[PDB]
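When you get a sec, could you build the whole thing from the sequences and use the hints?
Protein chains: 2
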Amino acid sequence: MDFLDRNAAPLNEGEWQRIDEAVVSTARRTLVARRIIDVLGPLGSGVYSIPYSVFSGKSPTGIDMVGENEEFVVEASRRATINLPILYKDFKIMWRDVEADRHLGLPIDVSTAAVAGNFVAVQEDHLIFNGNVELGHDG
Amino acid sequence: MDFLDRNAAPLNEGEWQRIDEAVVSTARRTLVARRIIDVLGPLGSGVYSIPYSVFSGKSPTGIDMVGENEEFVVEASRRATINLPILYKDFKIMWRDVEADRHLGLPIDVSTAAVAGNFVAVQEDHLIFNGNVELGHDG
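Line by line, the protein sequences give chains A and B.
Numbers 1 to 139, taken from our numbering, label the letters of the first sequence in order.
Numbers 1 to 139, taken from our numbering, label the letters of the second sequence in order.
Honestly, the hints are just simulated from the structure, not real lab data.
Yeah, the Cβ is synthetic: ideal placement off N, Cα and C, and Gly gets one too.
Take these hints with a grain of salt, some might be off.
Pairwise CB distance ranges (calculated) [said to hold, decoys possible]:
| id | chain 1 | residue 1 | chain 2 | residue 2 | range |
| --- | --- | --- | --- | --- | --- |
| 1 | B | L106 | A | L4 | 54 to 64 Å |
| 2 | B | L106 | A | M1 | 38 to 48 Å |
| 3 | A | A100 | B | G136 | 51 to 61 Å |
| 4 | A | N12 | B | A9 | 45 to 55 Å |
| 5 | B | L106 | A | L135 | 45 to 55 Å |
| 6 | B | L106 | A | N12 | 15 to 25 Å |
| 7 | A | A100 | B | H126 | 43 to 53 Å |
So, in C-alpha cells, the structure goes:
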C-alpha cells in the first residue's frame, strides 16, 4: 500500500498512535453528519467512484399465502455514480520538537494534528450539508 | 573529619567535582592575600584557637669573647592567642535543576556555588586587610 508512507517519517509508533488518537477524537466531537448519517465502508484507499442506485419511487409490498407475484420488486429509478473527492489540510511539526522528544522526552504537541483534524471535519460537514458546486456534488 | 557530608546530598560524584572545582578556581582567582602572605596550615578542622608570639620590641645582642651574659634573651613583647572564626556563605541548588539533569540532561547551574566561593574569598580578604571589629581581630 504505503501511499501513507509513515515509514519515512521520524515519528515513532507511540507518536503515531497519539496523532491518530488526536485526529479520531477530534473527528468524533466535531462531526454532526456521522451522528445522523451512517458510515458506509470504509471502502478502501483506491476506490475513485461509486455506482449507486436511486430508489426514488414508491411501490407496493407483496402479501399472500404463497408468493404468487413478481411485480413486488424494488427497481432503481436510476443508477447514478459519484466520484469521491479528497478533503485535506496540512500541518507542520517543527524538527526541534521531534529532537526534544527523541532526546529529552518532552513529547510532540500533536495539537497541530488535532487542529488539522478539525479544519478537515468542518469541511466534511460543509460538503455534506451544503454540497459542493465545483466538484458537481449535491447535499 | 566528616563534619561535612558528601553522601546524603543528592549530587553524584561528577557534580561534587564540578562544584569543588568551581570553588577552588574562584578562590585562586580571588585570594589576593594568599599571594602576599604564606599559609600556616591548614592545621585541620578541629583547631579552634591558636597561641602566637608578637616581637614588637627590640633588645640588645651579645658580643663577648666568652659569652658569659644571659640577659640577652628573645622576649615576646606580648604572647597572645587568637580565635579562628568561621567564614561562610550558603548557595542553594534548586531541586528542578537536579531533576532536569537526572532526566533531561541539562548540567547543574553551579554558578551559585562559584558566587558563594567568591563571597567567601572576599570575606577572607576583608578579614585579613581590615579586621572584624566584633571579633576584635587586627588587620
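Taking the hints in turn, this is what the structure says about them:
Between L106 (chain B) and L4 (chain A) the beta carbons are some 37 Å apart, a value that contradicts the proposed interval 54 to 64 Å. Separation of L106 (chain B) from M1 (chain A) is about 42 Å and conforms to the stated range, judged on CB atoms against 38 to 48 Å. Judged by the Cβ atoms, the range 51 to 61 Å given for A100 (chain A) and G136 (chain B) holds: they are separated by roughly 59 Å. Roughly 36 Å separates the CB atoms of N12 (chain A) and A9 (chain B), a value that falls outside the hinted 45 to 55 Å.
Roughly 53 Å separates the CB atoms of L106 (chain B) and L135 (chain A), a value that falls within the hinted 45 to 55 Å. Under the hint 15 to 25 Å, the C-beta atoms of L106 (chain B) and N12 (chain A), about 23 Å apart, fit the expected range. For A100 (chain A) and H126 (chain B), the hinted distance range of 43 to 53 Å is satisfied, since their beta carbons lie about 46 Å from each other.
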